[PDB]
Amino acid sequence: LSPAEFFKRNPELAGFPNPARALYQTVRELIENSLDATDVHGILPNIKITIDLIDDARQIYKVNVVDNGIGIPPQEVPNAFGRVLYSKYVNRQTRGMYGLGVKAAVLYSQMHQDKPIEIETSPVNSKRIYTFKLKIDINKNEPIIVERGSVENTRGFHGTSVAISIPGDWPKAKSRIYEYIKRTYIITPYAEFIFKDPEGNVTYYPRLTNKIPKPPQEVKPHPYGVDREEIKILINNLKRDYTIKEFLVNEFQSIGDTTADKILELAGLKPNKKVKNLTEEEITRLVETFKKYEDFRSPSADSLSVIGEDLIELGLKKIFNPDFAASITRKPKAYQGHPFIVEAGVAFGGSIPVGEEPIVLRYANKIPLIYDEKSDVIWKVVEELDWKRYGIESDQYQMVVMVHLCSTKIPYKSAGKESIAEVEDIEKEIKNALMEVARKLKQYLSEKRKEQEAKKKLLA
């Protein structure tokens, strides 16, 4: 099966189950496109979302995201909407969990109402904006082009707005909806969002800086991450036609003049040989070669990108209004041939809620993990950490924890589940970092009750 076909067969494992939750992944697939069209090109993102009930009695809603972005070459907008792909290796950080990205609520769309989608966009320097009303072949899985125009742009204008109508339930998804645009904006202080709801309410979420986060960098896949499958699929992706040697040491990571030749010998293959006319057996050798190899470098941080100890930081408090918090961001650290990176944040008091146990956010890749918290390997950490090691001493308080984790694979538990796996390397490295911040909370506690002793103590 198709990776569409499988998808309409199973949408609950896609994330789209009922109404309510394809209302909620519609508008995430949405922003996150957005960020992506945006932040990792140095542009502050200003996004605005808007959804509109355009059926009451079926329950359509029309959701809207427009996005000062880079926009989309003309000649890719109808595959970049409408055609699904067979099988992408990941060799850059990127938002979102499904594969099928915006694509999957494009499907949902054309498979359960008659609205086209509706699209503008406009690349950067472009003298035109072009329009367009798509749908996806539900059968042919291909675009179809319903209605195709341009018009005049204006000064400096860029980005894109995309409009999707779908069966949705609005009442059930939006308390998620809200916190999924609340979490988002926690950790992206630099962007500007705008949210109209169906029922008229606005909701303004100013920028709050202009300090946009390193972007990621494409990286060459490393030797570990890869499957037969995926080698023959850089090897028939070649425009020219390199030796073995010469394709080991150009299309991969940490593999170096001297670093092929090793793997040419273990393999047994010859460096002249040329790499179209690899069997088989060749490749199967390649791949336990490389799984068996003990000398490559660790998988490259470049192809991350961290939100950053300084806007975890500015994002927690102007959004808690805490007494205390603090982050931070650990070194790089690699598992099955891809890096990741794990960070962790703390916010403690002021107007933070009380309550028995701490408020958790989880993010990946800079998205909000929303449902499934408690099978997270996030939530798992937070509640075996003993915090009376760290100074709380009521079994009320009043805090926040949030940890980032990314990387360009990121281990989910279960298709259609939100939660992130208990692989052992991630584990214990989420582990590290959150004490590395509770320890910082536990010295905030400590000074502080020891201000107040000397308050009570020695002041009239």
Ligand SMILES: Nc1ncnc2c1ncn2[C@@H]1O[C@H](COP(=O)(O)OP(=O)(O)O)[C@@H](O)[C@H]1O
Second form
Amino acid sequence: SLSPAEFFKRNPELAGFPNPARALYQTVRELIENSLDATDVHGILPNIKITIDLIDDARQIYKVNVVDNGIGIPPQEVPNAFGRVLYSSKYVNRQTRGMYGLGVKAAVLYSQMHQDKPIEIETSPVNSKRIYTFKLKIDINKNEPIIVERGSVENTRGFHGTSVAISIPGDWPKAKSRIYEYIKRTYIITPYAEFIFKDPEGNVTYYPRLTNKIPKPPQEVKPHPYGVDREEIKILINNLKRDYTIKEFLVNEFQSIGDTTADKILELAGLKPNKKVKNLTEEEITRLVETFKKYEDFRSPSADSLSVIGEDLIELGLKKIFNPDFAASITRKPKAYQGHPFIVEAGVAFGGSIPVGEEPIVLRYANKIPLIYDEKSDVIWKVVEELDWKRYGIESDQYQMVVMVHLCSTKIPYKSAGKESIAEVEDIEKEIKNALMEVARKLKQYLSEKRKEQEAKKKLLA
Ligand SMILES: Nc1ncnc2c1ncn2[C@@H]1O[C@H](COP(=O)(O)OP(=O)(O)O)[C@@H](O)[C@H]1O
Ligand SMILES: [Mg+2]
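In place of the form solved without the ligand, output the structure of the form solved in complex with the ligand.
What follows is the whole complex; the chain from before opens it.
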């Protein structure tokens, strides 16, 4: 079957690149998302600049440049990072930003497919004495890096971070409103970041830092047994540096297998505790996986691999951007499904400067990135539409409200490749509704108190 790189070339509309307008929007996303995971995950307040230039008017080629102050990239890792598409998606053991498996490499591939300039990289790891520079292409036939230029320059006191520029076919007039909306919505749940955006018309927007409070980062965990299939077991075995016995393999390579549990799993699966794991047959792997799926006594997938926005930042962002009369939020306790942890957070903003409409403004997030297209098909949209807001104190048919929901997990379920809608998985839908109801009860209280005070002034004051 086809490699991911070859599947993308044939089916770019399934990977976020159906046309030049979406190509331009998706490239901006990939760059900003890499810069955020290079900063806040490592304790650094993100300082990020985004520029888009029209470089060829008739052919509509645009150059996209994103600069950050993150941890940088060891020079020997650069060529593969941007110029070699992996043969598969690796098992997720830590929460990260992004929907697409190819990541920034899809923008690089699209660039080399349709025009002639190389991508431009400048990077400096923490404490580096040099900034390392590169001009690079991916070989569209071979799936390997081509180093066009490679250099370095003396660094300055305290500097670290990365600059990436990519030249692509685009369509700014079509993409414009959705690119502005992408950046706005990122800023709402990232009030500790600072952004500068210069667009192709020369317009500049400044999005200032509002706080220095950064949420606890996600941590790497070992895989949970309910999450691994036969091929993933094989990958884990082949990766071992040491000659583990099956027993040693169970306790050291997985979540929720202590000494006693391992003994039980081994008996149930008809396996020898002291047999070397590199010698496990195909039949023996099948029994292991079937034992995993049947075993009823594992701890829930650990939430150590996840990272929340937090009630305090959600509320701060909603207040500063919308200037509402009221705002409230909830970060729920962790759940789990199919061997992976998940958490839902929700928020509402009401009144004030928010526009009068007949429906709420709905904001959707997944592992800290906004979802922009395909909103009417999303489970979050369904849950919000189905709630009866009259039960929660909203009285007119016309009102001023923003609602947001964030889902985080090491396995986000999407409906269709190339659409930005979260699937209607029962366990997740139920928890999103529980969360929205928790926040809506806080609104019901606000509104009941407000109406009491208005009635009191009307009836008791001269
Ligand atoms: N701005 C950056 N700062 C630090 N590292 C980066 C940056 N951009 C890309 N990288 C590195 O290159 C790797 C490949 O990027 P990408 O193709 O988007 O895959 P992914 O983000 O899913 O890991 C990243 O995992 C990261 O290590
Ligand atoms: Mg990425």
